[PDB]
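Participant: When you get a sec, could you build the whole thing from the sequences and use the hints?
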Amino acid sequence: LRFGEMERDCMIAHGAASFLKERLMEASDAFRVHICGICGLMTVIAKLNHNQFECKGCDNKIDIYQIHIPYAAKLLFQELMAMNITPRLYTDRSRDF
Amino acid sequence: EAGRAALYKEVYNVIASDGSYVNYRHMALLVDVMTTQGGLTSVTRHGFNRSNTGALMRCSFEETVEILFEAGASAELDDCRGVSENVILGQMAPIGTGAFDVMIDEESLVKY
Amino acid sequence: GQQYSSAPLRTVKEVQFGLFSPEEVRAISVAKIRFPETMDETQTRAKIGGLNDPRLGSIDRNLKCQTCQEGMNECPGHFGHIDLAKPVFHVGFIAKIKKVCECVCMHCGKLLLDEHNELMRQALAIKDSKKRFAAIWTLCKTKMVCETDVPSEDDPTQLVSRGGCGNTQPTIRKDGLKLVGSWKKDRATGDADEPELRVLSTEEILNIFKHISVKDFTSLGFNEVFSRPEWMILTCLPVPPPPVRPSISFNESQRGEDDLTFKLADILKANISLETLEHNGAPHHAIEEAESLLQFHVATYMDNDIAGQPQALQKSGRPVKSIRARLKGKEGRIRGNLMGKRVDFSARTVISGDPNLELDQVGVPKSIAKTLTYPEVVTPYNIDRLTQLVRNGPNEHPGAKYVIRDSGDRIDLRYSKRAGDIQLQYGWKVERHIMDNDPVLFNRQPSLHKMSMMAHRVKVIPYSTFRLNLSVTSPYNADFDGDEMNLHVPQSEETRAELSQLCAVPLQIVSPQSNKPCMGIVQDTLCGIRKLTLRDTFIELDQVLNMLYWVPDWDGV
Amino acid sequence: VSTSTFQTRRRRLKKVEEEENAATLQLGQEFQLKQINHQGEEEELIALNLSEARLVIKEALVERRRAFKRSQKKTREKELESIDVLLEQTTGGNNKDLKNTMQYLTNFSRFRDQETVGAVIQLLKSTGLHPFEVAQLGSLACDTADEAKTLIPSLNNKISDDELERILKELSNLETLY
Amino acid sequence: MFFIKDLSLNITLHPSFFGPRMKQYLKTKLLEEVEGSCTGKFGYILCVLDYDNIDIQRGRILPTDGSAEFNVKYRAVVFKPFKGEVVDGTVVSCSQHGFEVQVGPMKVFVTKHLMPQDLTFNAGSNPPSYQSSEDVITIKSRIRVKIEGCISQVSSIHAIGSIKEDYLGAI
Amino acid sequence: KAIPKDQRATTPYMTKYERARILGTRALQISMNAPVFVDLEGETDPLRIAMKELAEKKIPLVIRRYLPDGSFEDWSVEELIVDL
Amino acid sequence: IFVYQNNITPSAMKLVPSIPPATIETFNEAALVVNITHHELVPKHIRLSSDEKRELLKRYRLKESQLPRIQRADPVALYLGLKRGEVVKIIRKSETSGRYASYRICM
Amino acid sequence: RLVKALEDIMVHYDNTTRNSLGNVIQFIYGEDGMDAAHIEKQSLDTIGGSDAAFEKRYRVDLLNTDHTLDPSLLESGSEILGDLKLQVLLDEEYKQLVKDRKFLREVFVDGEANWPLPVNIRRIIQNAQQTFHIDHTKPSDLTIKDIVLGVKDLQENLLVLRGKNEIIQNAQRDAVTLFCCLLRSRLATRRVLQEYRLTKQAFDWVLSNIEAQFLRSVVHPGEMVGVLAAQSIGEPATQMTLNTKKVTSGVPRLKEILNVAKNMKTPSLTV
DNA sequence: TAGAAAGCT
DNA sequence: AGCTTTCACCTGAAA
Ligand SMILES: Nc1nc2c(ncn2[C@@H]2O[C@H](COP(=O)(O)CP(=O)(O)OP(=O)(O)O)[C@@H](O)[C@H]2O)c(=O)[nH]1
Ligand SMILES: [Mg+2]
Ligand SMILES: [Zn+2]
Ligand SMILES: [Zn+2]
Ligand SMILES: [Zn+2]
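Protein chains in written order, with PDB author numbering: chain A, 1128 to 1224; chain B, 1342 to 1453; chain C, 3 to 559; chain D, 3 to 76, 118 to 221; chain E, 1 to 171; chain F, 72 to 155; chain G, 109 to 215; chain H, 840 to 1083, 1092 to 1118.
Certain hints may be false.
[Stated by the list, open to error] Below 30 Å or equal to it, Euclidean Cα-Cα: the simulated DSS-like pairs (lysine-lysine) are:
| # | chain 1 | residue 1 | chain 2 | residue 2 |
| --- | --- | --- | --- | --- |
| 1 | E | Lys29 | E | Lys83 |
| 2 | A | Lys1188 | E | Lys41 |
| 3 | H | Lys941 | G | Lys152 |
| 4 | E | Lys140 | D | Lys142 |
| 5 | E | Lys73 | D | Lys60 |
| 6 | B | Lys1350 | H | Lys1003 |
| 7 | C | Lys129 | C | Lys100 |
| 8 | H | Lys991 | G | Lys152 |
| 9 | H | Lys1102 | C | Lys330 |
| 10 | D | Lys60 | E | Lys29 |
| 11 | D | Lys17 | C | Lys132 |
| 12 | F | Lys76 | F | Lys87 |
| 13 | C | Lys66 | A | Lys1188 |
| 14 | A | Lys1174 | E | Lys29 |
| 15 | C | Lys15 | E | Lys41 |
| 16 | C | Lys133 | G | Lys161 |
| 17 | E | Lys41 | D | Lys17 |
| 18 | G | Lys152 | H | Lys1003 |
[Stated by the list, open to error] From the structure, some residues in chain H lie toward chain G, with a derived Cβ separation under 7 Å:
| # | residue |
| --- | --- |
| 19 | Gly861 |
| 20 | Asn862 |
| 21 | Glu870 |
| 22 | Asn1004 |
| 23 | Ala1014 |
[What the hints assert, rightly or not] Covered stretches of chain E, going by a simulated chain F footprint (3 or more residues, C-beta under 8 Å):
| # | region |
| --- | --- |
| 24 | 6 to 17 |
| 25 | 85 to 95 |
Because the hints were derived from the structure by calculation, they are not lab data. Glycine is no exception: its CB is placed at the ideal position from the N, C-alpha and C atoms.
Facilitator: See the structure below:
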């Protein structure tokens, strides 16, 4: 069934923070990517069986994180990337405000 | 400041035209929202959606791709403070239930 | 159900937007993407070491990925690349590319105005990365000459020599995908009367952009790290992997490649024409022809719905669907796949009202209850109850559909040979039926209210309708003239609490919208309440006793 | 999940330069002379001598045994068997590295006592050398100031041949006669 | 060498352990992971110091599962080798190719060529030995090696060394 | 930065959301076979054990109330008034 | 302040920013005929001192940007001779509170 | 449009109303800091009527033989007469009630007395009456100090904003301004004693309830007011259509407004 | 389906 | 400079 844009809105009005996440992720979409800590991209070769994780073209074999995002966003990211845009994802912050 | 008063007067006048009653605060907020930027910032594709809120938040209304192309060009940094950007990322929004963090205190956990 | 990964699990706190550096595109790429040939190793069903898996993502399903060993679910795609024969404008940046030229010298790469001009230092002052560029542009568009010497920040007699280059600046306009200028000229001080009308090559603009000082471009929209202006022009094109452009491989010996798989092939094809065209006996006009064709294919791949008419249609008359169009709202990625989603654990049926239902309840048909499942953790509290639901089966009401071990493997209670002989274990999950008094989210689109979605109490009933209490009609805007409603089931003890503690029908009784209660006594009850409470209305003892008993909390008095 | 440090530096996109490590005291980014203790305060790098180190571990492992039996309420060849006992009690055993480290430290230790090691630490921390040099001068026994300035090439101009030769004489006097 | 580095690990507890013997488990889980560990960044993490005063901090309960993340602030003894470092160690193995020397937790290997020419291999000896016109290097002997280069390798940091230079070799 | 317990300014009373979240948290934890801090007087639903834990103010949870700027105020469920 | 009848030529107006720290203002006689401040909908706007402002900002943990903004050109900002960065405490009477204090920083 | 324009606004832990940027929209939610749910249209008795009727209802003069409270009202009535000290506390009272009236007539200029306000005071006194079995014959156990002072004290406890400093504390006053006007209007000495006929326990219970009832009424930080308000203006606009001088009105005027349309359909001045 | 914000002669 | 030229449109359910 559809939990459309309007349904999301009442869920916000309500404050049901987790319930909104649950519908969007667990009760739907939800995927697990491996991202590089240098260039916040899905570049990571995740051989999660031999515990090796690399991002050649960073040569990073250390600063790798695991993130949970909707498979649509994973898609959206790759889509924008294919159109020469870098949607870099960072697990830390720097601005503060 | 007078512009704001007129803006609400005229807003309220529509709500009360149908006879219906909406509590002051609501219209007051929309009026205040349009007002705060310094002038009459419209509830349009080029009025509010033109402000400095996050790229992912703004892209979720009207200039979807066009926004994301400018995002890349001016190398924008998304706050991930907005509801929308969290919905997109599939993270618990900082809304109601998510506006604060929960912690265990080993101290009290020992007291009991 | 994705496997355990060592990698520390975190959340996104920042999204750093930027542009792909052709150097990055190369580095990150697990292959190039040399052939337009899809796959079929010379008709042999299996991917070609040229397009869609020359290390890439993975088709086949019963085939692990060529780079990471994961395969299908667990394996996001791995990007590819295509070294273009000649640089091409990115269709989106086409305007900014032009607006950048309009601001800088088309020969030396220095800003057409600087700190020596008053209005410029004032426009340069502006803190906003877009508003700065806005003012900078409107100022520099009209400056048609790169100045060698400018009057000093003190006197007009002693003119300060800023940067060099005297060159006249072209007047740019677009011919759709082509940037063409018109240099003012001089001939006996006047002329134009007839100017110099040369078209600006991608490669020239590219070179001028490279020469734009870091300081200069940072004063314009740009950023030396993530978005240099030179990166608006495409040299190395990133090839998206299968997940993006799936091969919908129907039956067996039959393809079903995505529009984008054909558009990239079109680009590949267009590139090899231009590559050999210029390596071989270059008939020069035929190059500026094979070039413009590549600039088009790469253009329409990203955005097919451009102003300059040619719709670039698939050989079926139908236009080729751009990446841009996928993202474009009310359906498509952002709006329809991310802000809105199709969801599991949801039910919809025709609604009809019940007077012998409590306000906060919802009649749920036995079929829908037998379909909808809650994941419960085998705790010493329920350990007993749960085994009985598990024993009960997925076919008979208070029962369960699955048992999920610690081992993260599903037990299909429906078919499993051990459906009886299944002793539980704490920490396991019993996916049980939706039972009486579980919280659920009831909904009626519209959905213009905080109130158009409320949390109810399940009360399983016969017959195929959702049975709601009549007084809770008004806040949904529901009627029973053919109306259907949605029901969503929470999954965590956490999300149940969310519904129960915030979104429940009794909590919603008083509307913040209008500071007045949003539900009341309606229809039959409203009609009969007048009719009952007139001075004239009297009830005989026989009935009084029945009326009394009918009230559930009656004192017994 | 792995361990992090006090050094917070944000290398956003700009990966490298990974300038090699040498005895040009160009140690890691992590192994900076100017490091930071997790109380927020800046602190000089901690480098140890094979004994300053042996005594550190032994002590911490000993106080662990103390705390473990507290929470339970409700001669070189001879020191090797002695340490082997403590490790079997405090360490996970699977940590074969610490076992090897303790045997190496027990056999290659220059100073037997906490008084001796204490006194060594005084003598050496007078010099104003970079903790690495200071530890290496303590853990390695040298005679000629040349023997030293060759093995610790980081010294070279940092100290008078005679003065270093004075320290080396004093260090030799300290060496606990096994 | 042998450093005292201040470090921090992010450990995630399951709610089953939200009892009073919590700090007790957390501290023992830290020592599980961290102690014995080997990173290229900090080298060998051999021993966790000041067990009694390990900094727990408040643990933030994770949004969709009861687990709570603790950044356990700590301090330990680390051994991270470097090029140019002079190390005292004992031989382990011996071949035509060279000899492997045990220096603390790690092994430094010395090539037949990273040795002075006069020191020749002798296969016909129990166990194998490297014989010079003065001294003999064999399985139990002590050596002072100059680390020429390091390789960060999973559970170890192997290295190559020289005994050809002055003031180096057997001792 | 972390506002000190004395300099605290937020509602001394627990927000409708905090209450919903602590009950939801304890319930999820209790369910995940966590240690129950109260006498289950025949109780078997984690959400009712959660309310019981909350009614005796015997929940070891701490609300970190972040402020617009970033600074925050730490409050205990043991100290937050429940007029809700 | 220079109250002009009909116009000030662009020749003359170039002399307006010439003499700092002193500031020059121009008001069209025709605008002044009626006082805008006296109007029903225009409430009490008050200039804040550098100290008053520093405190307002501190007390509400604000960055100057985070403040509701008054335009430089605002009929009231002109009346009061507001300058970029100066704050106005705006006091309106509320149908909800009785009296409400707003704040506007300049642009 | 309204929702996408407001979504990110909510009450933060300082009673402020801010967006994703954290830019202040409102300083205190709905210029009073109250949740709309806990508000009922209450009557500001003080505002209307003759200055004569006002005098009759609120004036206590322990120095005049006719304007004292008859000892039928309270036990103290006999001993209360002529007390200059107490009469300064009532002069204090009546001088504030007058001040209040002049202010109310400044705000609601048409003299409209019915305003949506928290804590139903009418009900509290009504409920106290049956809760305590108030004898509309016998005299009260209250003092003039019991009333005048107790109400003054309750007011200091009606907290919306907490912070210790002028900026915040002065803002606290401002938020509670109108409620207090009503509180004083409905809890004046003559009123409490003649009309309500409350005992001390009754009056002490009325005060403890207004206190609690008020504190319940304040907005909860986290409250998603962006969407709340956007849907509150949004939903009615839909039932204007989706169901069954001459100026442009309804959906088109609303559309005209939100867009901030320059060239409007029916422009007009009201001179 | 019609309304403003770019840029045109 | 002023007219021209240029650039989103309700929610879920259906075949
Ligand atoms: N959001 C939308 N709601 C719609 C739409 N079409 C119908 N409705 C809903 O349908 C309902 C009105 O239904 P009808 O036209 O069938 C009403 P009926 O003539 O039987 O009624 P009375 O109101 O009782 O005189 C009302 O709740 C609307 O929300 C639509 O296109 N969009
Ligand atoms: Mg209907
Ligand atoms: Zn990377
Ligand atoms: Zn792969
Ligand atoms: Zn030039």
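Participant: If any of the earlier hints don't hold here, list their numbers in rising order.
Facilitator: The structure conflicts with hints 1, 6 and 25, although it agrees with all the remaining ones.
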